[PDB]
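Letter by letter, the chains look like this.
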Amino acid sequence: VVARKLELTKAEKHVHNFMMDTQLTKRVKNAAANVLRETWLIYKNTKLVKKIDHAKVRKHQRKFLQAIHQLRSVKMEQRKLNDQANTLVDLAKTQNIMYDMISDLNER
Amino acid sequence: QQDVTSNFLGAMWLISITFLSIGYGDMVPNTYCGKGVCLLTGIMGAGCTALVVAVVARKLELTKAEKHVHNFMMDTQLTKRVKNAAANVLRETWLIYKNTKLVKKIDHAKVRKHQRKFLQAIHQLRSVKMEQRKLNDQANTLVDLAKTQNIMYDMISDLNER
Amino acid sequence: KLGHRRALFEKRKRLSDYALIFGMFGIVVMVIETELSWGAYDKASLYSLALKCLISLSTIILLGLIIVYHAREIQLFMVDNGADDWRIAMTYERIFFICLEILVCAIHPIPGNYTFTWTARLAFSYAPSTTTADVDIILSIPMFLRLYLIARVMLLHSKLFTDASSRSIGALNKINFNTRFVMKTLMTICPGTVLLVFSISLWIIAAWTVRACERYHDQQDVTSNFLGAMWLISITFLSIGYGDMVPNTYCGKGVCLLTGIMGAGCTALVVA
Amino acid sequence: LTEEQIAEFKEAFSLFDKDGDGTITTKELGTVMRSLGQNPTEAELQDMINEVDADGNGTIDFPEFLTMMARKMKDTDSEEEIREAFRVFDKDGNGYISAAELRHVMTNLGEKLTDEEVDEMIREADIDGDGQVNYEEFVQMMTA
Amino acid sequence: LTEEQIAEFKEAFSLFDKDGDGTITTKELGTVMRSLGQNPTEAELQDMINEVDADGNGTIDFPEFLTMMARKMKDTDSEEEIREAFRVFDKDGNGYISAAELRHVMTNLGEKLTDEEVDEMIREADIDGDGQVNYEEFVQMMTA
Amino acid sequence: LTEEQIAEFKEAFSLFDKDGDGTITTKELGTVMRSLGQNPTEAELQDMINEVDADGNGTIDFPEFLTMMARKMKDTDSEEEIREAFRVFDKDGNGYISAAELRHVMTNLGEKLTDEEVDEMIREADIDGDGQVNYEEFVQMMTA
Ligand SMILES: Cc1ccn(-c2nc(NC3CCC(F)(F)CC3)cc(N3CCOCC3)n2)n1
Ligand SMILES: Cc1ccn(-c2nc(NC3CCC(F)(F)CC3)cc(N3CCOCC3)n2)n1
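Residue numbers (the entry's author numbering), protein chains in the order written: chain B, 393 to 500; chain C, 339 to 500; chain D, 121 to 392; chain F, 4 to 147; chain E, 4 to 147; chain G, 4 to 147.
Simulated from the structure, these hints should not be mistaken for lab results.
Everything hinted at is true.
PhoX-like mimics (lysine-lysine), calculated; alpha carbons at most 20 Å apart, straight line: (1) 21/F to 94/G; (2) 77/F to 294/D; (3) 30/E to 485/C; (4) 421/C to 115/G; (5) 131/D to 77/F; (6) 294/D to 472/B; (7) 115/G to 455/C; (8) 115/F to 451/B; (9) 418/C to 94/G; (10) 467/C to 94/G; (11) 405/C to 472/B; (12) 75/F to 294/D; (13) 405/C to 294/D; (14) 436/B to 115/F; (15) 467/B to 421/B; (16) 467/C to 21/F; (17) 405/C to 304/D; (18) 397/C to 472/B.
If the Cβ cut is set under 8 Å, some of the chain B residues that face chain D in the computed set are: (19) 450; (20) 453; (21) 454.
Built from N, CA and C at the ideal position, the CB exists for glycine as well.
One chain only, chain B, in its complex shape:
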C-alpha cells in the first residue's frame, strides 16, 4: 500500500517539472559566468601585467577546474529531467487522430 500511495499524480508532476526547470535555469547560468570570469582573469594576470606573481595565477588555474566541473554537473542534472518528463505522454490520445488521418488519406 505504501508503494502504491507514495507516487504523485499527473497534475502534480506537471507543475513539479515546471518548478524544477525554473530552478535549474539559474544555476546553468551562474556556472557559465564563473567559467568566463576565471578564463579572462587568468589571461590578464598572465599576459597584461608587466611582472608575474605565480601564486595568483596558480589560484585562478585552480578555480578554473572547479568552475568547469560545476557546469558539467549542472548540465547533467538538467539532462536527467527531460528523460523522465517525456515519459508521461499518452499514446491512445494521438492514436485515434493518426488512425482517422490515415483513413481519410486512404479514402481520398
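Given the coordinates of chain B, work out where chains C, D, F, E and G with the ligands should sit on it, guided by the hints.
The following block gives chains C, D, F, E and G with the ligands in isolation, referenced to the frame of chain B:
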C-alpha cells in the same frame, strides 16, 4: 537501583534493537512509560523499513545513458566467445575425420576423446548464442515512442493535405 | 604521450599489488599472535617481540608504498589535465583523503608490555567484574580497516572497465567511470555472488571479532566459544533474537548492531 | 603507440561494419545504434560523422578514427569548456554576442566582477570594432 | 508593488519565449508545454491563448501577461464558481436554461427549498420574458 | 510407431488448421502466431513454410509435418551445428570462404592448431581449385 535502564548507552542500545525488531536482550522497562516509548519506536521502525524497501528499488537502477554504454560493452565482449566456440567445434570435427580416415592403424582412445570434446564444443556454442539473443531482445525495448509518433502524425497530415 | 601514459598505468598497478601483499601479511601475523598469546606464551616472552617487529617492519614498507603510489597518481593527473606545476593538483579534499589513508594504515600493536583496567557489567545477572587487560586489544582490532585495498586491486585489474574503446564511448556519452557505476553494473550482471561473498566474509570476520573482544570477562565459555559466536551472528543478522547469549562488553553490542543493520539491508536487496 | 592498443582499436573498429568492406556507411551506423537501443534522426546521423571529417567525402577511415580516439579519452580539454558557457548566453546561434548583456552578466551573475575589470575586458577583444562581439575569435586569442 | 515581484514575473516571462523577441508565439507555447510533458491540440492552444487577450491578434506580451497573475494568486470565491455551477445543469453550450429545469432542480436536488422561494426566485428572474433563462444576466444581477 | 504416437500431433494439427481444409496455408499460421503473442512478417512466414516445404508447393498437409516431427527431438544433429559454425565466419552469405581467413582463424582463434595440421587440412580441402572452398560440400565430405 542496579543502573540498567538509567544508563544512557543502555537506552541507546535498547532503542536501536527495538527499532530494528531484533529483541530486548536483558533490558525490559519497569514502567509503562518505557513500554509506551518502545511501542512507538517499533511502529516507526516498521514503517521506515517499508519506506527504505521502496527507496532502494528506485536508487539501484541505471539511467538511460548508462544503459547505452552497458549494452555496447556486453556486445563487444560476447562477440569474442561466439567465435572461440566455432573455432573449437571446427577443430574437433577436423581432428575426428583425420584420425578416423587418414591413417593406417586406428587408435580408438584418441577417437573417443575427440568425439567427447565435440559435444562440449556444441553445447558451449549454443549457450553463448542464447546469451546473445537474451541481450538483444532485452536491449531493444527502451526506445521511446513520442518522437516517432509525432513524426508519423506529421507525415500522415502532410499526405492527407497533399 | 601514449607510452608515458601506459608506463604510469603499469607502475600504479604494480604498486597497488605490492601494497595489498604487504597488508595481508600483517593482518595474518596479528591473528596468529593474538591466538597464541592466550595460551602457550605470555606477553613477556621473546616470541612477543619476535612477532611484533615483523608487524612494524611491514607497516613501514606499506607506508612507503602508499606514498609512492600517490606521487605516481599526481604525475598522471598532471599529464591528463595539461599542467606544468604540481601545486595545481593539491586541493583540500585530496590532502584530507591522503592524511586519512596514512592515519588508517599507520595503526598496529607496537612492541612492549602495557596493562589496563577493565570493568564490565555481566549480562542477565547484573554483577560487576574486574580484570586487567592488554593495550594491544585496542590497537589490534582497528587493523581490519586495511581491507579497502582489495577493492582498489580488483578495480584496477578488471578488463571490463579498462578497454580504451569503452572509455572513449563513455566520454562521448558524457558519463563518468566512478565507483557508483561499477557497483551498479555488478549489481545487475551477478547479484548473487556479490551478496554471497560479502556475507561469508563479514560472517567469519565478525564471529572472530566478538570472541577476541569478549574472552576477557568470560569464565563459563559462552561467548568465547567460536561456534557460539557464529550462532549469535547468524541469528542477529536474520533478526530472530539473542537466545540466551548477550555480550558482556560494549564491543559485542557494537558488533551486533553492525550485523543487524547489514542484515536489514541485505534482506531488502534479496527482496528486490 | 603500442601494438596492443592498435589491436584493441582495430577490434571494435571492425564494428559499425556488417560487410567488412573497409569503409563506413551512414546506414551501418544507424543499424548499430538501433542494435544498442537508440534511433537518431537522419540529420543527427549525418552530423555525427560530419563533426569529424577532413576530406568532405562523407566517409572516414582508420586515420580519422584514430585521430578522434586520441582525444575523447583524457580529462578536461580546456577548449570545449570555453566553447560552451558562450552558447548558454548566445540566443540566436549565429555566433555573435552583444556587448551589453556581457557587461550585465559579468557585473551581476555570480561572483561578480568590478567596473574596472569589465571595462578593461570590453576595451580588449575589440577586433570587430562594433557591438557585435565574436566569441569564437575571442577564443584562440585569450587562450592561445 | 515591490520590485521583487516584478523581477520574478519578468524572469518567468523569460520562459515561453526561446527567441528573445519579447512576443509569445503559439508555437513557442506548444514547444514549452511539450517540454513540460503535455501535448495539447492546436484548438486547445488557441483557446488557452484566446482566454486572455487585449489586441485582436494572438499576441501576448509582458503587459498582457501580468494582468491575470494578480487574479490567479487569490481564492476564486467569486462568480467564477457560479459559472460552473450553472454550466453543470446546462445541457447545450448556448447558455440558456429552461425554467421548469430550475423548478425541479431547486425543489428536489439537495437541501430542497420550499415552493414559495422558488416562485419568488422565478418571478425576480423574469428578465427573459419567455422561459429561456439567460444565466449570465442573472449572475450579473445577483453579484453586483 | 505406436498407436498413441499416431493419435498424437492430431490435436496440434487441428489447432493449426481451424478450418477443416486439410492443408496448412500461410494465413492460418499467421493467425495462430498472433494468438500466441507473436507477429512475424510475411517473409518470415514464407521462410518457415519453405523450411518444411514438401517438394515445391506452398502448402503443408498432415503427411508433410510428420517428416519434420521425430527429428526435432534428437538433441545433437551433428550437421546443423557445423552449419552455424561455418556461417559464423561467413560474412557475405553466398556460401564461400577464403582460404587465408580459414588459416588465420584455425591458427589463432580458440584452441589453436599448428601449421602442419592446417596445411594438411587445406590440402585435403583442395577440392575447389580456387580460394573459395564451398564449405557446403565440405560438410558432406567431413561428416561422411
Ligand atoms: C553507444 C554509442 C555508440 C556510438 N555512439 C556515439 N557515436 C557518436 N559518433 C561517432 C562518430 C565517429 C564514429 F566513427 F565512431 C561513429 C560514431 C556520437 C555519440 N554521441 C555524441 C552525441 O550525443 C550522443 C552520443 N555517440 N554511442
Ligand atoms: C505546466 C503549465 C505551464 C503552463 N501551463 C498552463 N498555461 C495556461 N495558459 C497560460 C496563461 C498565461 C500565459 F501567459 F502563460 C499564457 C498561457 C493554461 C493552463 N491550464 C488551464 C487549462 O487547463 C490546463 C492547465 N496551463 N501549465
